[PDB]
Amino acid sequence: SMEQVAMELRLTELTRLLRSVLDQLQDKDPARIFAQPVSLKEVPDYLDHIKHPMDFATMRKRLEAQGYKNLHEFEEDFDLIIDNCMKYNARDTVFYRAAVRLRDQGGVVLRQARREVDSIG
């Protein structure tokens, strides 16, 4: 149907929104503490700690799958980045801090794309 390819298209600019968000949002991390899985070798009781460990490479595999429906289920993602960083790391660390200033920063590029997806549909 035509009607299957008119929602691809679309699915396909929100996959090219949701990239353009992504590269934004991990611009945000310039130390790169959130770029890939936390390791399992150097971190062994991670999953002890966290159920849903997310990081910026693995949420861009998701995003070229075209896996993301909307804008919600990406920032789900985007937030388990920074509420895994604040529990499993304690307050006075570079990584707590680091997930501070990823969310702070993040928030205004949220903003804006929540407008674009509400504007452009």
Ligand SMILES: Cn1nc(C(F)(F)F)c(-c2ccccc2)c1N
The other form holds:
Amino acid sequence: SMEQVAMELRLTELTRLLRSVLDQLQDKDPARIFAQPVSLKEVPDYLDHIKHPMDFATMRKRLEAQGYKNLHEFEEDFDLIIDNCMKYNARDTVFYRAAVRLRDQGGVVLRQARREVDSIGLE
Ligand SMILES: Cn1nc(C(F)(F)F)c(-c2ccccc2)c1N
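Next, give the form solved in complex with the named molecule, keeping in mind that what was shown is the form solved without the named molecule.
Expanding to the full complex; the earlier chain stays at the top.
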């Protein structure tokens, strides 16, 4: 149907928006601390602590599969990346602090993303 092609155009343009957002976000992690899943080989008890791991590459595969229906779903995964990091690592540590910084940097990128989504009307 033509309505379905309409729906796909919107979802596609949401995806095109989220790609940009994600590309900006990973630029804010030049250490690439958050680029791949935390390694269970290197952190064997990680899953005893973190029930829902997330990382940028896992977000990008969902993105390109157009599995983000809206900006909220995308944000929730971003929050997992940040929050998981802040649970496992203590406040005085360089990991905890990177997540704080990425959360703050990221909040600006996401602030305008929420406005474009609303303005261009994609949900
Ligand atoms: C975002 N994040 N968080 C963690 C940690 F929670 F496991 F410390 C790690 C990690 C720490 C040591 C080895 C491998 C990965 C990363 N990359």
